[PDB]
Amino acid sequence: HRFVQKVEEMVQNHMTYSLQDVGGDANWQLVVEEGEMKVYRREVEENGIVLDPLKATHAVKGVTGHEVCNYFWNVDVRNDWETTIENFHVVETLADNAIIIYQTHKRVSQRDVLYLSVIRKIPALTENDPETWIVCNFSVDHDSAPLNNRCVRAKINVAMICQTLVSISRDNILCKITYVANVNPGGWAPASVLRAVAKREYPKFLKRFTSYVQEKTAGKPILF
């Protein structure tokens, strides 16, 4: 499909930049911690607009990276875990593993987003290394979804990056998660407010989504 080079670059960007340890990085602040989940942000403004990169790490017992990424990507199950969305539809199917989604968000003016969502397995260089599953969601343009007057068009670069540690049952597997979000809404809101909402909604989402994967996979054969 036409976005293959763009997908490869975004995926490559995440594998090279998004997996670096931020725990020791002094430019990032650990803002939320609950259980095995740690949520970090870097306060960034460009031309007076809050762009705060967000990064969360998590460790989820009894699920694989493949499972987590499947549930995060698969639109067929979106409604079962998603809390912030009013409406959404698949604008175009690019490939078995790549789609374009238009969606509107619940009012927190209304935001809409138009993004390519792709799921990929990144091979390990050796059998001594873990394989990586990644879902990359990034804003694209589409002629069938132009800018409208009712919604404000957000621009996103979001990744859910998962590796599985295996030491065979669910007791013996752990999914190490890195979630990154670089989001720009359009126009204006108070910085204080945008930062308070982000601190709330991201950990809430991650906690709920990872619990959902655990619930949905328990007792089932393991999808590696």
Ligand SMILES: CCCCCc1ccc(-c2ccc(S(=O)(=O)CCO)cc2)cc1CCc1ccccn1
Given for the second form:
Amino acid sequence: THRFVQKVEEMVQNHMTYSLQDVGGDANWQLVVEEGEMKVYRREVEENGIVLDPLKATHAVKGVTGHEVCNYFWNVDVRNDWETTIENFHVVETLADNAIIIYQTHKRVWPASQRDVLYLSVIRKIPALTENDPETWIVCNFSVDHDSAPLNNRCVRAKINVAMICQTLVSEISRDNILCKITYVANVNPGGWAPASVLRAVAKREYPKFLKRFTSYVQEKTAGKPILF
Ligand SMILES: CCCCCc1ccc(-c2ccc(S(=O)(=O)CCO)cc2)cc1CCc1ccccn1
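Moving on from the form deposited without the named molecule, kindly provide the form solved in complex with the named molecule as a structure.
The next block holds the full complex; its first chain is the one shown before.
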């Protein structure tokens, strides 16, 4: 029990309530990119002339579990093996063995100024509501304030609320018979000002690239390892 336990529970619960819902029938979501099972949607939202566009994506990855996907997403030690848009990150504080606070800087995208982020990252297993329902693994990354926040005069502080939410279907169980269903949501306030066209182009390019790359890394690192359910 660190000082964020209840904020964490609230963020996680909101994601389980709202983020998991299907949006196939919801015209409010614009489907922007589809590549097979990977479906990437946005809402066009601006606040004070700053693009906030909520991002929501679903995906189905063979041969990995939600537990594996989330560990890989959460574990700072493999971060540099799949991240492409990060200049630097530092663990600011270890809250618990499933929760840390991270500082990171994002590669500049011309012509906007560089962004940095300060966020709590927590991984949690949500037990099946009923023996009918799936268990879910979730990673939530959400912005928090912290005293040990670096001075970075090059950077505008973005604020994020991101969740990677995983449920695993299975048919000795082999990788051949396991499917991981992902819902990934990212609400990012870039702060300051950045050209709308830039923000939307970066999102449209980088989210599908991230999801394809990250999931493929998980498949590759796990294949021929015992399944971690
Ligand atoms: C002018 C560019 C402004 C960049 C704004 C920004 C800042 C941070 C993020 C971002 C994206 C994914 C995460 S995470 O999924 O939690 C994994 C940990 O890194 C945390 C933060 C996103 C974005 C929006 C632009 C953009 C979109 C997808 C990739 C990169 N940049």
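Positions refer to the first chain, counted from 1. Here, rigid core means the biggest group of C-alpha atoms that superpose within 1.5 Å across both forms.
Core-fitted Cα difference of 2 Å or more between these two forms, single residue among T93, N79, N87, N148
Single hit from the list, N148.
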